[PDB]
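Number of protein chains: 6
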Amino acid sequence: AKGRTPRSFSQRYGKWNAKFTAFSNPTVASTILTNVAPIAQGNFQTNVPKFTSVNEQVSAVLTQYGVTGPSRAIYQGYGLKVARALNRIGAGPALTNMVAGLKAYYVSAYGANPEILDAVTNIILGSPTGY
Amino acid sequence: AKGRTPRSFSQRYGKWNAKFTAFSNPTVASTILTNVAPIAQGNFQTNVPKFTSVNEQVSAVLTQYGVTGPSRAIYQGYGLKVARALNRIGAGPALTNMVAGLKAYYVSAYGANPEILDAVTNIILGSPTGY
Amino acid sequence: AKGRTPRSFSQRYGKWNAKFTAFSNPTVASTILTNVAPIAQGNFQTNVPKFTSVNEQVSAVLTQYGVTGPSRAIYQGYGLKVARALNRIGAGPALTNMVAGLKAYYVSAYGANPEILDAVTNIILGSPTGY
Amino acid sequence: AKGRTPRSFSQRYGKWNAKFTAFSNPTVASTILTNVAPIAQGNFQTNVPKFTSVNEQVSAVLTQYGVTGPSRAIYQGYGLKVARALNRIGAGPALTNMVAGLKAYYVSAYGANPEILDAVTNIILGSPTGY
Amino acid sequence: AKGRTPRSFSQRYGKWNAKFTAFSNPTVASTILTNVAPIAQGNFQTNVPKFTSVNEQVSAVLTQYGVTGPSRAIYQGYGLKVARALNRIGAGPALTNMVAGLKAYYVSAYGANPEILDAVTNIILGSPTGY
Amino acid sequence: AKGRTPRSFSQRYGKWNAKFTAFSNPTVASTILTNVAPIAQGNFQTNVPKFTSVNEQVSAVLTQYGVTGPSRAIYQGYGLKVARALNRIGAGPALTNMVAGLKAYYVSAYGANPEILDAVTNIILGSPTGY
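Chains as they are written, first to last, in the authors' numbering: chain a, 2 to 132; chain C, 2 to 132; chain c, 2 to 132; chain A, 2 to 132; chain B, 2 to 132; chain b, 2 to 132.
Chain a extracted, bound-state conformation:
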């Protein structure tokens, strides 16, 4: 019972503004954040190392291919996306479909190099295709 009726811009803005004005209270904000602090820390600790490792490995790979400057970000972003998929759905045919779709996305939208995308997918998943 959350997305059952259509909401126009007026209703969306009204409810978002009400909730934002509520959260600006000192007591409301401090209470909610102090209550969710340990769960947030546990989620951070559980999830972030899998992505810092990908950052380090993809950096090591990009230095061997000569990629410098903002062009590194492209491949870095790609790598993180792949890791996201691996965290969400796991290894198997679905991960293969998502690697193919992400490669098409990056190559045709951002002009990324297929060879470096293969090297990044190899350092992350073990194979260029991800099987």
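Hints in this document: simulated from the structure, not taken from any laboratory.
Using N, Cα and C, we set each Cβ at its ideal position, and we do this for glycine too.
Incorrect hints may have been included.
[Claimed, not checked] Partial pick of chain a residues on the chain B-facing surface, computed with a CB cut under 7 Å:
#: 1; residue: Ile-40
#: 2; residue: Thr-69
#: 3; residue: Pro-71
#: 4; residue: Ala-74
[Unchecked claim] The calculated SDA-like cross-link candidates involving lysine to any residue, where the alpha carbons are at most 25 Å apart (straight line), are:
#: 5; chain 1: c; residue 1: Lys-51; chain 2: c; residue 2: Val-29
#: 6; chain 1: c; residue 1: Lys-82; chain 2: c; residue 2: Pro-129
#: 7; chain 1: C; residue 1: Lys-20; chain 2: c; residue 2: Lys-51
#: 8; chain 1: B; residue 1: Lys-51; chain 2: B; residue 2: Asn-123
#: 9; chain 1: a; residue 1: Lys-3; chain 2: C; residue 2: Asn-26
#: 10; chain 1: B; residue 1: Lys-3; chain 2: b; residue 2: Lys-16
#: 11; chain 1: C; residue 1: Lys-3; chain 2: a; residue 2: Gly-112
#: 12; chain 1: a; residue 1: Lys-3; chain 2: A; residue 2: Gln-46
#: 13; chain 1: A; residue 1: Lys-20; chain 2: B; residue 2: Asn-88
#: 14; chain 1: c; residue 1: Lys-51; chain 2: a; residue 2: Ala-2
#: 15; chain 1: c; residue 1: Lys-16; chain 2: a; residue 2: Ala-2
#: 16; chain 1: b; residue 1: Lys-16; chain 2: A; residue 2: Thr-28
#: 17; chain 1: a; residue 1: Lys-51; chain 2: A; residue 2: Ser-11
#: 18; chain 1: C; residue 1: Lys-16; chain 2: a; residue 2: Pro-115
#: 19; chain 1: b; residue 1: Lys-3; chain 2: A; residue 2: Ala-38
#: 20; chain 1: A; residue 1: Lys-16; chain 2: b; residue 2: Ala-19
#: 21; chain 1: C; residue 1: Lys-82; chain 2: c; residue 2: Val-29
#: 22; chain 1: b; residue 1: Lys-20; chain 2: b; residue 2: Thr-35
#: 23; chain 1: A; residue 1: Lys-82; chain 2: A; residue 2: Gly-93
#: 24; chain 1: a; residue 1: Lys-16; chain 2: a; residue 2: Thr-6
#: 25; chain 1: B; residue 1: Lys-16; chain 2: b; residue 2: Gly-43
#: 26; chain 1: b; residue 1: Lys-16; chain 2: B; residue 2: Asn-123
#: 27; chain 1: C; residue 1: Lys-3; chain 2: a; residue 2: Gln-46
#: 28; chain 1: B; residue 1: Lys-51; chain 2: B; residue 2: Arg-13
#: 29; chain 1: a; residue 1: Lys-16; chain 2: b; residue 2: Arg-5
#: 30; chain 1: c; residue 1: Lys-3; chain 2: c; residue 2: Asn-18
#: 31; chain 1: b; residue 1: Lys-16; chain 2: B; residue 2: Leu-81
#: 32; chain 1: B; residue 1: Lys-20; chain 2: B; residue 2: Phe-10
#: 33; chain 1: b; residue 1: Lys-3; chain 2: a; residue 2: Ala-2
#: 34; chain 1: b; residue 1: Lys-16; chain 2: a; residue 2: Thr-6
#: 35; chain 1: a; residue 1: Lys-16; chain 2: C; residue 2: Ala-38
#: 36; chain 1: A; residue 1: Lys-51; chain 2: A; residue 2: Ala-23
#: 37; chain 1: A; residue 1: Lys-20; chain 2: b; residue 2: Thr-28
#: 38; chain 1: A; residue 1: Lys-16; chain 2: A; residue 2: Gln-46
Dock chains C, c, A, B and b against chain a, hints included.
Positioned in the frame of chain a, the structure of chains C, c, A, B and b alone reads:
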């Protein structure tokens, strides 16, 4: 950034418990509910008349067919379900597909009468099939 | 003595608005919620594990079939629905009827794949039909 | 001088946890949110209408094609994605490149229909290719 | 009388740590920041529009050439660099030397396109060389 | 969800001014800086020795070539620039590309001597080219 990493029972329970303990504070609950009162009233006033009208029309249809007791709720429920679809996506082929699927759902799971389902769909959408 | 007389939109709206305005009081809300907190925690701890496990098993089944993106939600939803039935009425002929009705529902309304629905029913109940 | 030295998981977690613990203070959170409230309202008002209208138009388009359930979200997501590009970089060859890349992304990863993707990008940009 | 004697790592670290501990005091930080607030507001108001304008014009030029994603940042950065030079030393032969040096820098370190760099420096300075 | 919609001068100025007014509060600044002190100390201790060492070695090299006064800063800066690259991406072909680009930058824009640039990059990376 809400459904990106998998959450186990302990994580779900921890966060739900933190949020429930926070919302039990007098100031937090008071502030939130007092801020969302006018928007909640507006959403209620906008949406509920379309469903009370369906309730009355389906009641009129059900008295003509001799349906009594909890066996009424079946068709009442079905009626409301159909109205929900018309409110979400509007009239058209998608609504026809959902009406056929809902008829299958009710006839197969709950032993509803196809004739009374046709009469309810007729009083709500104008036609037994809903074109 | 709750649903014995018919209620129009004016009566529903008046009583809903009265109750909502009452609950927005700090004392009222804080008292009700602080009183029902342990019972809510107990009901959560009793019921949610049966559904987190279903989520994980259906995810595992869906990765082997190549389902990615929002198309996964369909089957996840179906799985949860099935689990709901098992929690409510138990195993037996009634569960078979509701499984057949739910499969008719999803295939005819949402374009679900029958083979993947049998796979999900197999991982949840133990058989494609659920006997 | 923000992304000039590499940060490991320990440094990232230390700084994130320090800033999160600071923001849970009543005065810190209250002051920051109260100060940024009008600017946030203005950004919301400036940007969200362009996406609410895309939601309504894409819904109208999807009901003409028979799409129901979570399978609608796919195209909704695509639509919003396209609008994002138009809001960011404007109309021109860059938008054409991004539209082609987004279609490749969705068709290859999420099993979307090319025909409905063309209909959505036509209701949004005016042409299927988007020139 | 600031950089007249050489400082080793221990001296730099000791003085920086002393100053950071001093500035963390509530009174020190609040007094300094409250005192420098209007001058900082004036410096922002005086300098930032020259760079927002460059951002908008370079965005318009980049959309005409098909640049998308992080590869846009490259050119954005170059543009801002050139704009910075124009703000610092003014128009003249010195600005010509610096524009040539920045073009060499970006083309040979970040693999930028000479044509798009010429276009960006044309929209900013008036001509590709900047005379 | 940080740099997704375009921000004009008035929006940037408004948000910057809001955050600056907030940080000038005694409690806000005190809390944030006191919380981040140990992580900032660790980051300083981790990164700065690599740059003080470069300063001392480049000083020794510059005194052998007879460079005095502000004309020293040029090479000092260039040295630190190269060290920055070594800290960010590490040794490899990308570092070679960046060293070549930095030499082009400094020789063309700031009129530095290629021989002293070779000597500085030789004391820093081990070779004039940096392989």
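Tested hints:
no., hint, result
1, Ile-40, "violated, 29 Å"
2, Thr-69, "holds, 6 Å"
3, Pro-71, "holds, 4 Å"
4, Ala-74, "holds, 4 Å"
5, c:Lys-51 x c:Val-29, "violated, 33 Å"
6, c:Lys-82 x c:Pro-129, "holds, 15 Å"
7, C:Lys-20 x c:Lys-51, "holds, 22 Å"
8, B:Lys-51 x B:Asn-123, "holds, 16 Å"
9, a:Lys-3 x C:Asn-26, "holds, 24 Å"
10, B:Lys-3 x b:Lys-16, "violated, 35 Å"
11, C:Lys-3 x a:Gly-112, "violated, 29 Å"
12, a:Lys-3 x A:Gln-46, "holds, 23 Å"
13, A:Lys-20 x B:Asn-88, "violated, 35 Å"
14, c:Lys-51 x a:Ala-2, "holds, 21 Å"
15, c:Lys-16 x a:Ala-2, "holds, 20 Å"
16, b:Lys-16 x A:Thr-28, "holds, 19 Å"
17, a:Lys-51 x A:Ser-11, "holds, 13 Å"
18, C:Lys-16 x a:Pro-115, "violated, 41 Å"
19, b:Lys-3 x A:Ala-38, "holds, 17 Å"
20, A:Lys-16 x b:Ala-19, "holds, 23 Å"
21, C:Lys-82 x c:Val-29, "violated, 34 Å"
22, b:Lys-20 x b:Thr-35, "holds, 18 Å"
23, A:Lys-82 x A:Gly-93, "holds, 17 Å"
24, a:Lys-16 x a:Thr-6, "holds, 14 Å"
25, B:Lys-16 x b:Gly-43, "holds, 15 Å"
26, b:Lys-16 x B:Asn-123, "violated, 31 Å"
27, C:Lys-3 x a:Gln-46, "holds, 17 Å"
28, B:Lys-51 x B:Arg-13, "violated, 35 Å"
29, a:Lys-16 x b:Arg-5, "holds, 23 Å"
30, c:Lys-3 x c:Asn-18, "holds, 18 Å"
31, b:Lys-16 x B:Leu-81, "holds, 21 Å"
32, B:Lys-20 x B:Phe-10, "holds, 15 Å"
33, b:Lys-3 x a:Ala-2, "violated, 30 Å"
34, b:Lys-16 x a:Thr-6, "violated, 34 Å"
35, a:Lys-16 x C:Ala-38, "holds, 10 Å"
36, A:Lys-51 x A:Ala-23, "violated, 35 Å"
37, A:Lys-20 x b:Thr-28, "holds, 14 Å"
38, A:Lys-16 x A:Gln-46, "violated, 33 Å"
Violated hints, listed in ascending order, are 1, 5, 10, 11, 13, 18, 21, 26, 28, 33, 34, 36, 38; each of the other numbered hints is respected by the structure.
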